[PDB]
Amino acid sequence: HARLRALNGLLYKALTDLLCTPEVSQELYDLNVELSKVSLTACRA
Amino acid sequence: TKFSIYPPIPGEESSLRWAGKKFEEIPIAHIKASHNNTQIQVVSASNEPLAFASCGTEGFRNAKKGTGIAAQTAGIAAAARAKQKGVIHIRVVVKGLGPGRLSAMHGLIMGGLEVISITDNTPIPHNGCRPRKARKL
Amino acid sequence: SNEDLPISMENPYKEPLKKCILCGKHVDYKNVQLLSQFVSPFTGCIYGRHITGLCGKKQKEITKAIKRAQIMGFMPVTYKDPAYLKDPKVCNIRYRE
Amino acid sequence: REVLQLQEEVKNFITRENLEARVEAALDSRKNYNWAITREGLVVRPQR
Amino acid sequence: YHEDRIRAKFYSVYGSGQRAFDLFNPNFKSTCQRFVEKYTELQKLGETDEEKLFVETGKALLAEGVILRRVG
Amino acid sequence: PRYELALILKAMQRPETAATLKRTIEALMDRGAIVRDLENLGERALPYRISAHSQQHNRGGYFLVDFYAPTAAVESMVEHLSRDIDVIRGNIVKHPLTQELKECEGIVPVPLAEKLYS
Amino acid sequence: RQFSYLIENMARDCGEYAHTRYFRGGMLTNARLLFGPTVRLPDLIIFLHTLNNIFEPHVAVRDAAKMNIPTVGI
Amino acid sequence: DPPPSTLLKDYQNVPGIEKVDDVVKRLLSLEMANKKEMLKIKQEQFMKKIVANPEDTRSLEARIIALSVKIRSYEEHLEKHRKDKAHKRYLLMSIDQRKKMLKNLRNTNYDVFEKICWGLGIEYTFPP
Amino acid sequence: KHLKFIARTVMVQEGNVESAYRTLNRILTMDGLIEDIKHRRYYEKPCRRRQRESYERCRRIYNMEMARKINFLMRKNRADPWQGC
RNA sequence: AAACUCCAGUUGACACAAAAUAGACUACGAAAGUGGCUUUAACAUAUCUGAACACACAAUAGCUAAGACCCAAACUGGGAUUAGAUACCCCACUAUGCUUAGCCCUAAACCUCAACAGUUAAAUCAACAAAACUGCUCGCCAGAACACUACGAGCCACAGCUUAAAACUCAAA
Ligand code: FES
Ligand SMILES: [K+]
Ligand SMILES: [Mg+2]
Ligand SMILES: [Mg+2]
Ligand SMILES: [Mg+2]
Ligand SMILES: [Mg+2]
Ligand SMILES: [Mg+2]
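So the protein lines, in turn, are chains A, B, C, D, E, F, G, H and I. Going left to right, the first sequence walks through residues 90 to 130, 135 to 138 as the UniProt record's numbering numbers them. For the second sequence, the UniProt record's numbering begins at 58 and goes up steadily by one. For the third sequence, the UniProt record's numbering begins at 46 and goes up steadily by one. For the fourth sequence, the UniProt record's numbering begins at 155 and goes up steadily by one. For the fifth sequence, the UniProt record's numbering begins at 65 and goes up steadily by one. For the sixth sequence, the UniProt record's numbering begins at 2 and goes up steadily by one. For the seventh sequence, the UniProt record's numbering begins at 149 and goes up steadily by one. For the eighth sequence, the UniProt record's numbering begins at 66 and goes up steadily by one. For the ninth sequence, the UniProt record's numbering begins at 3 and goes up steadily by one.
Derived from the structure by calculation, the hints contain no laboratory data. Just so you know, not all the hints are guaranteed correct.
Here are the simulated EDC-like pairs of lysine to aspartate or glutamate, each with C-alpha atoms no more than 20 Å apart in a straight line [unchecked claim]:
#1 73/E - 55/C
#2 134/C - 33/I
#3 3/I - 70/B
#4 73/E - 113/E
#5 105/C - 101/F
#6 102/A - 58/I
Between the sequences and the hints, there should be enough to build the whole structure, so can you do that?
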C-alpha cells in the first residue's frame, strides 16, 4: 500500500519531468500541461 | 527568434515593441486578489490612473464578491474603461492569492486588452509583522 | 611467510572525492557574479545545497556572502541581477514550461 | 619571510605624502572581482 | 598486492583498453597484467623510480606494439 | 587588524569624488589607520534605491579601502561614515584575505537511514 | 530455482532423494503425520543452498537439527 | 597592560626586526592587534617573571598564570558588559579552577606557590 | 525599493496568457513562495513549526529511501527465467 | 452584521517591531536557549565525581518603574451564532509580547536516557521505549490516596515558590 503510494509518486514525478523537458516533444513542451494526480492500479493521469 | 521569458531590461535597448512602445512605457494593470474582494487599476507608465474597478464597484456585495465571476466582471469593466482611454497592451502585476487572482486577467482578455507580461507582487514579509492567530475552527 | 600473501595498504584504486565546484576557491561577497549563480532568477531566493550541489562549508560561505552583499548594497535581494542572467548555469533546477 | 614581505609591501602603502596621487590613480583605475564558475569548476573570467 | 599500485596507475592513465577481459580463460593476461609484468621485470633490473619506471615500461610496450591509448 | 571598508559614494563629478576619498582616508589616518591600498569598482546603479541624509540615490561609486587599524578605532570610523553626506553607504569588514582557506578535501558521504534517528 | 532440475536429476541418478520445491511446514518435524508413523526420515541432508528465496536460513536446517539429522551444507 | 608599541610574541624574536621601518613596527605592535595578543604578551611576561622554566607550559604554575590572565581578561570584559551572564559564569568557573590549582600547588610545592601568589597578586583564602 | 518588473515577472509568449500564468505559478511553487504565503496567512507557533518541519524532513527521507528501495527491487520484475521449478 | 468611509488602489517618503529563501544544514552554549548584517570583547579546567539550601544562571507567563507601540493580543465593549449566557466567528481596544533597571525562579525545563571510564564477549533481553552491560561517584525512591497539601523554615516572593508530613480510609494503586 505504502509501496504503491511511493510508486504513484514516482510515476507522477517522472511524468512531470517528461512534460517539463522540451526533448520529449515541442508540442508537449509548448502546451505546458500540469498534472493534478497520478494513480496506478494501468495508470490514470 | 528565441523567446525568453525574462522581461526586457530597462535601460537596455531591446527589439521587442508593442504598438510602437517599449516595455518601459506599456501601461500597468495592478490586480489585488484578497480573499473577500478583488481590485483592478490600470495606470500609465508615469503612474497616471486611467481606469479602476473592483467587485464591490461592479454591484457584487458581501460573499458574492469572493467569486471568480465577480473578478472576471471587474476585469471586463476595467479593460473597457481603459480601452476607452486608448489602452491596448498592459503589463499585469498581480498580488494576493484570492480566488479571482487569475479570473481578473481573463476579464481583461475578455475586455479587449492584451497582456504582454504577468508579474507577481504578492507582499511576502521577510519575517515582518506578526499575523493573527490561527482560527479555532 | 609467503610472498603471495596480501599486504596491508590503502586502497590504490580509490578514486578521489568529487569536490564541490567551488572547493579550493575563495568565495567573496564582492563577487556578485559568482553569488548570483546560486539564487533564483525570479525571486532571489538562495538555493539549497540539494540544488547547488555544494558542500556544507561552501554552502554556508555562499549564503553568508550573499546576505552580506545584499545588506551592503552589492546585490539585489528580491531578484537576480539581470546583468548576470546569462552566466553559466550551475544549479540543478528547471523552471520554464 | 612574512616580515620581509610586509616590509616590501609597505613601500606601496598610502600615506599623507602620496595621498592625492594615489586617490587619482585609483579613480582612474577599475578593479573587478566578478567571475563566474562552470559546472566543471572552471573560473570564467569577466568578458572585459 | 604490490602490483595493485601499478594496476591503479595504469588504469588511471589508460583505462580499459580495446582488448576485453576473457575471465573464462585462467591463463588470460590482460594489457594491464602485461604492463605489470614489464614493470616488475624493469624493477628487477634495479630501477626504483616509480614515475620513471612507468614511462619506461610504457615505452617498452609501445615498442612491442601494444595499444596504449590514453584516457585523455 | 586588517580591515576592508566597502564604501558606496554619491555619484558626483571626479573632483568631488577625489575630495570625498581624500577626506575619508584622512579620517582613517587620523583614527590611526595605515591605509594599505585604495580600489575603485566603478560607478554603477545600486541594486536597490538607498536613502541617506534626506536624499535618495539610484547610482553610486564603489570603492574598497584596505587598511590596518587598532580595534578601538573601527567604531569611531563607522561614526564618521555615518556623519558624512557624500557617503551613500559604508561598511567596515574584517579583511577576507586574513581568512585563510582551510582546504576542503571533499564531501564525505553519510548513510541516509541514520538521519531519521539522529 | 536455477539448479532445481539439475539437483533433482543428480539425486535421481545417484539413487538418493531431492526436495527442491516449497518446503511444506513440518515435512520433517511432522513427518509421522504427513507420511504415516512407519516413514523413515533421511539419515543425512545435503544443502546445496542454505538460504530460501527471501534470504532467510532454510527452515529445513532448523528442522533437521530438531530431528537430529546431520546436515552437510554449502 | 604592555605598551602599545610592544611587538607581538611571534615577531619579537625574528632577526632584523629592530631595523624595519616604523610602519612595519606598528603593523607588528600591539596597537594593530586584538586583545588576545596583548594577553599572550602578558602571559609571557608573567612566565619569564615567575616560573623557573618559561619554556614549559604543562607545569602547574604555567597553567595558573594562563588562567590568571584569562580571569583578568574576563574581569575587564565584564567591567564593560555587566549584563553578560555567560562571561560571568566563565569568570567564576575560572576563579574556582584557579583556586583548585593553587590548592594543589600549595600542597605540592609551597615555595613556588608563594612565588605565584606574590607575582600574580593572588591571596589564597581557605574555603569556608 | 528594488527595480520593478524584474522579480516574479514572466513575458507572455504570443498572447498565451494562461501558459505564462502557469509558468509564473510553477516558479513561485518551486521557490516555495506560495506555501510561504499560505503558512504566513495565520501565525504558526514555533513549536508547531518545528514539529511540522521535522515531520516533513522525516517524510522526505523516508520517501527517498522507499523510492530507492523500489527502484532497486524492480530490477527483478521481469519474466520468470525458470518457470516450472 | 458591526466597524471604517481622509476609506481603498497606484507612486513616494517612512521603525526602539519582527528577522523569508539559505536550513533537505544539525552547528554554538552548562542548561534555558540561540537562524538579518558589521565590528569589538568572547566560548572555564592537561584526572574524574562533587550541593532543593553555598556561588552563578534559568523559556514562557507575571510583578515594579520609565519609555516605545507597526503588528499580535488575555481582559473589556460591540456584532453575529445560540432557547439563552459564555465560548468557538468578526471588529475595535488594554494589560502583555519590545527597550532600560530591578524582581519573580516556574514547565511535558523531555534525548521523560545522571556524570566519568570501559566493553561488544557471554545469558542479547520481563514488555515497550532507545542494543545489552560493567566499573566508579553523587542525587533520589521504599503500596495507593490524603499531598505540586497542612504545619515549620527560607525567599524582594503576600491568591507565591522551595523543602514537605500525619491522622482517618483502601487491598489494591
Ligand atoms: S567539496 Fe571540498 S570545499 Fe566543498
Ligand atoms: K527555514
Ligand atoms: Mg565537578
Ligand atoms: Mg526567568
Ligand atoms: Mg499595547
Ligand atoms: Mg525545551
Ligand atoms: Mg551529577
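Status of the hints after comparison with the structure:
Between the alpha carbons of residue 73/E and residue 55/C the distance comes to roughly 14 Å, so the proposed pair stays at or under 20 Å and holds. Proposed proximity of residue 134/C and residue 33/I is supported: the alpha carbons are some 17 Å apart, at most 20 Å. Of the supplied pair hints, the one linking residue 3/I and residue 70/B is violated, its CA atoms being roughly 23 Å apart against a limit of 20 Å. For the proposed pair residue 73/E and residue 113/E, the alpha carbon gap of about 14 Å is at most 20 Å, so the pair holds.
Taking the CA atoms of residue 105/C and residue 101/F, the gap is about 16 Å. The hint holds against a cut of 20 Å. Between residue 102/A and residue 58/I, the direct Cα distance comes to roughly 18 Å. Compliance with the 20 Å bound is thereby established for this hinted pair.
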